[PDB]
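Please model the entire structure based on the sequences and the hints provided.
So you can see what is in the structure, the chains are spelled out below.
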Amino acid sequence: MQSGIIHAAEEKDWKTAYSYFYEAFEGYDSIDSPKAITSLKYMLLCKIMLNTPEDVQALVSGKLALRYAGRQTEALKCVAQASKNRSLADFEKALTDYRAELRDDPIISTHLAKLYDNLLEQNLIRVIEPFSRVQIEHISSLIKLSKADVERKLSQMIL
Amino acid sequence: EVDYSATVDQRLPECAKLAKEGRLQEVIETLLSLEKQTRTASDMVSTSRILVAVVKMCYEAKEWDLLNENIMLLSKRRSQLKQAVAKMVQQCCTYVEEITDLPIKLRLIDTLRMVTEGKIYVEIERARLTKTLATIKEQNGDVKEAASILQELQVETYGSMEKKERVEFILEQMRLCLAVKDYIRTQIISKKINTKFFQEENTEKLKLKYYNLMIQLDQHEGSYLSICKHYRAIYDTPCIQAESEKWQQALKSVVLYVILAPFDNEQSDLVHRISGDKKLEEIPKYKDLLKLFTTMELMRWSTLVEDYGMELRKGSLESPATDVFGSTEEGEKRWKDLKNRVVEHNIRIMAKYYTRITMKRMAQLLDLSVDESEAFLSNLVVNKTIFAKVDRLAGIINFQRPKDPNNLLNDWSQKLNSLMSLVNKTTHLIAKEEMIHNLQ
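Chains as they are written, first to last, in the UniProt record's numbering: chain F, 212 to 370; chain E, 17 to 456.
Source of the hints: derived by calculation from the structure; they are not laboratory data.
A short, non-exhaustive set of chain E residues, derived as facing chain F with CB atoms under 8 Å:
{"no.": "1", "residue": "393"}
{"no.": "2", "residue": "394"}
{"no.": "3", "residue": "397"}
{"no.": "4", "residue": "398"}
{"no.": "5", "residue": "404"}
{"no.": "6", "residue": "405"}
{"no.": "7", "residue": "406"}
{"no.": "8", "residue": "407"}
{"no.": "9", "residue": "408"}
{"no.": "10", "residue": "409"}
Here a beta-carbon is modelled for each residue, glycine too, at the ideal position from N, C-alpha and C.
Right under this line is the structure:
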C-alpha cells in the first residue's frame, strides 16, 4: 500500500501503482482488514487517472469487491462515470456531494487538481467537436466557466 | 459376489410385518445387519432393496428424527453402494413430495440436500430438491433467498439431466433473478440457453417463456433491436401464429420496436425484411407507419401524432393497443424515444439532400427551437451517427466533407470510366438494332 502511494504521488507512472494497490487490496482482503476499502478506492483512482474509467465497473463488481460496496466505492464510481461522460459539472457535483470521501483523503486531494484539468480538457473537446466557428462566449456558457479562463485554456491547448 | 436374493426376499416381508406391529428398533437393527452383509458382499440389488424398505418403514411411522438419522447414517455408511444411495434418495424425494407440513418438509429437504451434496450419481435429485426448496421459500415470501438458492446451482453441466429439464431450470433462474432485480446475473444466466434448442419437437412453451424473459431484460435499459428480434422469434412460433390475436400483437410489437430502434445497417435490413411480409395487411396502420419510416422524406411529429397518435397509444376495440406506448412511465419514455427517432430520421434525410442549410430553417423543419435543434445535431455528431459542421457565427450547417484534390481527380476519373462503359453499351445496342432491322 505505501509503495503504491509513493509510486503514485509524483512518479507519473500509474500501471505499476495500480498493480501495487491490487496487491495491497488482496492482502488486506485475505485477513479481512478494514483498510481493504481504502485500497479499493485508491486502485479505482489509479484507473481513473490512467484514463480507462470503463474498468471501474468491472473492478467494483469483481467477486472479491462485492462485500466492500458502499459509500466510498459509490463515490469513486460516480467520479469515473463523470469522467466517461466528459462532464466537469458532473465531476463538481460528485465532489460537492461526496466531499467527506474525495476531499478528506490526502492522496485523492493531491490528485484532484490534475483530474480537474484533464476533465476540463476533454469537456472542451467534446463541447467544441460539432462546430467550425463557435463563439468563445457560447463555449463558456456551455461549460459553466468564465470566458477568460476558457479562452486561456483553449490557447494552451492550441499551443 | 455372493447373492442374497433368496435371503432378502424371505426376510423383508417379516421385517415389514414386525415394523407394522411396532417392532421398529429391532427391525431396524436386523435390517442394518443385513445391509452390512449385503454391502460387504457387493450385492447392489439387495442393498438397494434393504435401504428403500428401511426408509419406507421409518416413513410409515411418523418417526421423523429416526428417518433423518437413518438416512444420514445409511448415506455415510462405509463403502456404500452409489446405486443404493440413489434409490434411497429417489424414494425419499417421493416422500418429500407427499409430505405437507412446512418445517418437517424443510428439515427433510435440508437433510437430503446435505446427503446428496457433490455426488454425480445423485445430482438430478439434488437439483429437484433445490427447486422445491426455492419454490417453498418464494411462497413463504423470500424472493431474494429463493433466487440465491436457485442460482447456486449449475445446471448446464449435469450430463445426465435431459435438455428439457436443464432449460426449465435455467428459465426459472432467469425469472427469479429478474424478480430480485439482478439484471447482470440474469443476462449471464440467459447466455446459457442455446436458441437452436427451441426447434426440435416441443420447445414451444419454453421458447415463449425464454423470449418473454429476454424481452423484459432488454427492455429494462432499452435494447429495441434485440427486443424486436425476440418478438419476431415469438411471432414465428406456430402456436402464436395459429391464433389471430396473438400473432397480431406479436407483429405490432415487432414493427413498433423496429421503428423505435436507432438507425444502422442491421436496423435497415430488419425493417426492409419486416415490410416485405404479406401478413402486415391485416395491420394496416402499422404498415403505414413502417412505410413512413422507410421512405426517405421529411415527416412531422404533429402529423404522426394526429394520424397514429391514438391508434398506437390507446387503441380501438377492433385492433387492441400494445404496452409499447402505454400510460406508464415506460410508455412515456418510449414515446419520447419515438419522437427522438423522428427527429433523427428528419436530420438524416435533410443530410442526404442538402449541402448547406441554415439553423433557423433546420429548426423550423424539425419543429424544435434553435437551441434544441443545435443540441440534437451536436449529440448526433459527437456520437458519430451523422457528419455535420455548425458555423455558429453564420448559423450554417455544412453536410459536405472537405474535398481533397485527390478526391476531385478520382471523381473525374470515375466519371470518365463510366462514360467509356456507357459508350460501349450504346454501341452494343446499336449493333443489335442494325442486325434486327438491316437484313430485310
